[PDB]
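A single chain, nothing else alongside it, follows as structure tokens in the form deposited without its partner chain.
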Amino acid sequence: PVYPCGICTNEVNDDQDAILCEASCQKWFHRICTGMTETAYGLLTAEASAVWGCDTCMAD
């Protein structure tokens, strides 16, 4: 079970909407599990100079 999603623990494939948490942990998340819209997601992933952090890393 290779890149486990941080929220749901199931594997993240390339043909799923996935984001890396560059804020710290370096875990991937299914976009769906994080609750983030396709509209936020596609834009984040189109701006290279933008980077994201998960709910847990932004909490500390």
The other form holds:
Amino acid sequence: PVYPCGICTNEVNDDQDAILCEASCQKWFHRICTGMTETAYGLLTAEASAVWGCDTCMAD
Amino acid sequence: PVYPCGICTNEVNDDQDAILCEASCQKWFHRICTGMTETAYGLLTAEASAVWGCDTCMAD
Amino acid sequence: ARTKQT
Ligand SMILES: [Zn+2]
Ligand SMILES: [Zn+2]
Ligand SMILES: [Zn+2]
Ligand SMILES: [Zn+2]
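Right, the form deposited without its partner chain is done, so what does the form solved in complex with its partner chain look like?
Every component of the complex follows; first up is the chain already shown.
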């Protein structure tokens, strides 16, 4: 309810792998929901210079 | 046309790992000049959802 | 990229 996943609409907790769409919509998306591998996720967390965007925002 | 690296001002050629600052300025940067690893680079260039920004553009 | 891993 507070942080609805942009795909499954379920709650995005602190102990779950999730990524914010800094590209536009500013919504949180579960890593698993977006179909992102743990390897991609870890690198994205490591790269402060990288900005991620959801399929919806990127298709705009 | 020529594309000077945003850091070293040297030419960015096809046989060099280079990344585009899609965040704003849109200058090309040699992967080596940015200090980015090959693994981080591979993920960024392959993933369209993940866009990169140079130090200048990231600091706004 | 901003992630929950913090
Ligand atoms: Zn989800
Ligand atoms: Zn989005
Ligand atoms: Zn360079
Ligand atoms: Zn830039």
